[PDB]
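The residues making up each chain are set out below.
There are 2 protein chains.
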Amino acid sequence: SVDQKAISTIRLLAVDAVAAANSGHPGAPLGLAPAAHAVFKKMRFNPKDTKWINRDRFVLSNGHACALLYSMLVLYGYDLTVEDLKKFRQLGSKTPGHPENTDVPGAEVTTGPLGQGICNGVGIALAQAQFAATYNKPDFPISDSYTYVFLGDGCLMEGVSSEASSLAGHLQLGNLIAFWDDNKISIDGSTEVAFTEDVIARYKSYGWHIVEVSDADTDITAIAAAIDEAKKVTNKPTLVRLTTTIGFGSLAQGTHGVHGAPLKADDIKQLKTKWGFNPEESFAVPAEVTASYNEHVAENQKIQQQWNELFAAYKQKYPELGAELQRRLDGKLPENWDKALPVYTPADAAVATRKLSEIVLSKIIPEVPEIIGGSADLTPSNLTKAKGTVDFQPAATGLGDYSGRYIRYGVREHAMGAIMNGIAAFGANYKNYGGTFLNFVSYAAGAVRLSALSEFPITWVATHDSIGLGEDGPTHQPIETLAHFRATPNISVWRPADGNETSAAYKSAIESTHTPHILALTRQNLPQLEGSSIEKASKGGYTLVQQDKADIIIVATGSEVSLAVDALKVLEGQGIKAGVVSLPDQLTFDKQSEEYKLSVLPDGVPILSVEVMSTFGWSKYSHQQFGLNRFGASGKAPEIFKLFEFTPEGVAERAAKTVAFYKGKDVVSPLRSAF
Amino acid sequence: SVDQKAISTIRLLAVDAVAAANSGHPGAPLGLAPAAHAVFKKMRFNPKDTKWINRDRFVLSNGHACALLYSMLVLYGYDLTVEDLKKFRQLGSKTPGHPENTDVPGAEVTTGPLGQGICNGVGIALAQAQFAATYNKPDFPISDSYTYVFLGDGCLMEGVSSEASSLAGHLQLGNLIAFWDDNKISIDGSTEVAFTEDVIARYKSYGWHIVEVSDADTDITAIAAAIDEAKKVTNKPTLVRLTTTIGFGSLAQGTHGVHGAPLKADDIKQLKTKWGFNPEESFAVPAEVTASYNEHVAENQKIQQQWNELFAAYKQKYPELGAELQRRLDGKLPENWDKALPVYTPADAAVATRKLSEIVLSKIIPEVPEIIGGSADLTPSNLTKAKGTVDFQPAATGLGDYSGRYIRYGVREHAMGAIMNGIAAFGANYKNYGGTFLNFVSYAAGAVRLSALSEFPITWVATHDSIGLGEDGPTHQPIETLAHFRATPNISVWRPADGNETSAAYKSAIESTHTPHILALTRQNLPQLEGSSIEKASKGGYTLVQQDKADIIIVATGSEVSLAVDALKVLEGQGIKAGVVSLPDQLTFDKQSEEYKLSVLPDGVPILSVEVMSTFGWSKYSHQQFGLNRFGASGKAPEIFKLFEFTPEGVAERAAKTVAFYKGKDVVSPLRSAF
Ligand SMILES: CC1=C(CCOP(=O)(O)OP(=O)(O)O)S[C@@H](O)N1Cc1cnc(C)nc1N
Ligand SMILES: CC1=C(CCOP(=O)(O)OP(=O)(O)O)S[C@@H](O)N1Cc1cnc(C)nc1N
Ligand SMILES: [Ca+2]
Ligand SMILES: [Ca+2]
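If you read the protein sequences in the order shown, they are chains A and A'. A prime marks a further copy of an entry chain. Under the deposited numbering, the first residue of the first sequence is numbered 3, with each subsequent residue one higher. Under the deposited numbering, the first residue of the second sequence is numbered 3, with each subsequent residue one higher.
These are computed hints drawn from the structure, not numbers from a lab. Worth double-checking, as some hints may not be accurate.
Given that identical chains are not distinguished, each listed pair holds provided it fits within a single copy or across any two copies.
Claimed, not checked - Straight-line distance between alpha carbons at most 20 Å, and here's what the computed EDC-like set of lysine to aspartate or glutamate pairs gives:
no. : residue 1 : residue 2
1   : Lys88     : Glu641
2   : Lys644    : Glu655
3   : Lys638    : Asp86
4   : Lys89     : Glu641
The shape of chain A in the complex, shown without the other chains:
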């Protein structure tokens, strides 16, 4: 039949791509081609408009299987061709060895690190539910799309997927439909060696609906029926068990050897002849398959055409909501939204930056509807919920509504990070955030790194940033954490010192379109600084205290800026004149012009950094570094600062030693380099 021919075409495109690269993963593509065919036939999408907001989304969580995804995208006439398939896994191609949303049209998210994609799918589905609750009206189903996810045994073993699956079940996300590739093979062989749990029973325990397809190597009728069944269960996410043979059709089917290396040439020949293809030909695309797939595209395009007319009629019936929706689909924040950001003067009281963050959120959430966010069971500690908002919960629980704006993630940092990526991936200008203690952002590193690689404007509200948290002690006190994330490409790591800097950090985080943000915030109160402003802090680094005859410049962040200012006064009594630089975000600073940066960190003066965590990275900006390169302690925070000599006198002593060390030396800016 044409459907059988399409499935064979998909299988053989994937195998031929792996063969051409002499690299990659043929097994899961062979096993999942029937399901991919069936799911894409049910999906609504436009290959010529990858951003249609009411499209169904597809996520390949088992991202190593991407020859399958690329084959689907090629067959459906996305901006990806057979010539791109021939360049699978080749430097610079549009067909990288794992899918990247920045590079691959029709890749919603970046997968490959196992477990991430299913969590991203939870976030896409969460966003869709929130979006539909916000905009849909009687006779106006603006948003009614589904989220389809493929995942394998590896994703099911990774703890992040358990976190997200527990939460998705709690949230009753009925438009999420996931498909488990139940092939009983991973890299180490049979799943009997390490993965003998009853997956189905576990998913029932989370509140998911289950459909089992016992012959998913052939039974596309049953796969389609499973989708129809899942769509009828509106208050539970569904897991469809696809019992498949890894490498179906290969001489090596059902073995670990077919997972992750090219097939033998003779194996590819017998695949082709068994399925009616020419064993001498590669990258075959039968015209009847193209015709069948084109019919579905044309139908989908007529659906989008009608949606566009629905949207026009919505703008007439609901003028304010329609304009808001239009603005969001245009990627624009509300005009002058930033006028809501709080501004402070040096006469205002000291405030912890976690509390300044609460105040910002309280002002901007009512003004910017596309802001939603939550906390990983730290709401009263991170201060992430604006008073008067409702939680995102299914109304059936009585605990919230899908129109709500605040997410109770539970103690699930890693899934929170990956769900945030999915909310961003949904689109519609969502600017979403997640709170935890800074030290436990590290639990979510797998997802955080993908925020950076995927260029998603997500925000971590990362409170209790240092030994300043006090008594909880060294298991809670960051040392390495900022260095880790600053060393990752494309992460803005804001460590604001005061009220104006906190507003600048949020301006950056909310305006972002391509860069994730981590906001490192204090437990403890900090003074409002003389010389701070949103304008200056928006440059990432700025001269807080200018001293034309400086003997030294002290560069600091966060809680250590006030310390530097107090040290400047001690130094004055020692006959040493200091300037102070505040560096609330190193990435933003790095992006400023060379001349601006040199105005902050000039030649001809020693520069000392002060930050109560690792000294890694700080030599970019300083000649000498005063940091904390050992674990912390359990005690009252001021006593810990004293123990480690993070006091005005301790900073002044090191500043004086720095001045002495450079006596008789020629000093150039740390910004200078040989290449």
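Once you've looked at the hints, dock chain A' with the ligands against the given chain A.
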């Protein structure tokens, strides 16, 4: 009764400790005191010998509840007193705000980061099973101890605990008995807001046995009976559901407010009078409670006395095993074990460092019985299994035996990391390891950091270290990873360049007693270096190529050392004389004498670092840094190195620019500092 008085004593010690600190967590201690009393009465332990190898182990996974643990340890006469309780959460005390194994007698592991302790308990139980299978003989139950773990809702939400619980069920670890504090309260309030899964059904799906105690606020008879029941189920780990009231007895019982802040003074008074204590008194220890607890200690000490005689008789009946066991309990490796380490010359073939690692393991595993380890579903990629060894599996599966040495962790990096910590915590000189790709060690950061803080000699076999892995692309290629772990205190991060350096890295990792190791290993082949040796590489950094008239020194690691040597030859043709330093472990190097370090990185010569990952940290050792501070690419590895100019000519160009940049300047070693 005396038992009732003991429970009240525990509750009130915990509340009084929190009160004295005006900080900490009274709720779970109040709720779990009956269970703690019951479990400790069943446990075999010696407060005067915390290292008795046949003790039962206890782990408080909900580590914030540590006022409970400290109260138990004080009551039982560990090296912890009421005076220490009065110093709870105070700087320098033996009663930190979360338990630390380095600081607290009777704390087996360091907890506080949720989810870790239960996984550590899985590792203690895994080790006990392996140890018993190795040493027990008829009439000689050398090892027959249990592992008791308390955990809360937060631990159950963290994905790491799902990973470890799936694996523990697969492994049929019948001597593991965990207790869930089912109090339905976390920081954000009721668990109804975020955690509505059927926990019991999930644990059944993993293959655990369940016992439910519906009135765990009072029913110590049922808690004791649950332990007895769990001990009869020898082929399943057991979860005991303890339905408790958080803060039991407080006016604020059953509320989130009792979780994490001191009780009001009037509340403490009414607790005391309800339970027959003097409301004017704090830190009361009734002598009848001490007497009862002392009776159990005395009985346990007679059990250990008899075990010592059993061990003496074992040494007579089984002379070789007995001597091996004695050596391990003395903390000593086999005499001259390191003579098994492979040695290479520059005439030997190029080898990838992952393959060199396989060869090391193959030589040392037969010689050092306390080495066990595994991989997170990457055995044929990491090359972590020695041919001819058997996997650690329950014999009932037919897939291995508990005497086996190789663990199939599945796709569970985070739990693997925390399980490794538990295996180390068991003791008996275990030197255990875990393989994954370097980029996915990051999934396990929560546990890795605790290896460092806990001072456990665990080893990550972290292969596919860089863009050298090629086609899998940027989702798999480390950039930030070494900087992250090098910035963490107390992590040795070895990046060996060749065969001799790989042997030095393993010598360090296996000899370690207090420092975790990460071995960053290549996919791709590297040449054997002229000038390398185990002796020199054991110093962490060494002069590979000495040049008395050097214009520049190039310092490099791993795959970039050979690149530096090739660049030296290009530079010679440009009239520039270079030396080369290899820096296989920065931590080991840092620990050498100042004079040794200066002999490697002297004054008076520019130093350029080369390493194909982040430049963070490298200014400790260099004036200029050539690194990779952007994400990678999907293509054949040599083409990626060329793209980024990590070629002999690209290094030489940057070296020449470095020489030019320092013309006319006075240069001192990067090792010099102002303070
Ligand atoms: C183990 C592993 C794989 C097997 C999947 O086994 P699974 O059953 O999911 O795939 P199948 O055998 O094709 O059906 S792929 C490769 O990613 N990898 C390394 C890998 C490990 N850890 C993480 C976080 N991401 C990864 N990418
Ligand atoms: C959320 C959170 C807690 C509530 C536990 O809720 P749980 O039900 O386990 O404790 P109970 O309410 O006392 O019964 S504690 C504090 O650790 N914390 C922050 C916290 C967050 N993430 C990680 C990895 N470790 C942590 N430590
Ligand atoms: Ca599989
Ligand atoms: Ca709880």
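Evaluated hints:
{"no.": "1", "hint": "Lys88 to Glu641", "in the structure": "between (63 Å within a copy, 17 Å between copies)"}
{"no.": "2", "hint": "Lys644 to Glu655", "in the structure": "within (14 Å within a copy, 47 Å between copies)"}
{"no.": "3", "hint": "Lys638 to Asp86", "in the structure": "between (60 Å within a copy, 16 Å between copies)"}
{"no.": "4", "hint": "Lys89 to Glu641", "in the structure": "between (60 Å within a copy, 14 Å between copies)"}
Checked against the numbered hints given earlier, the structure satisfies every one of them.
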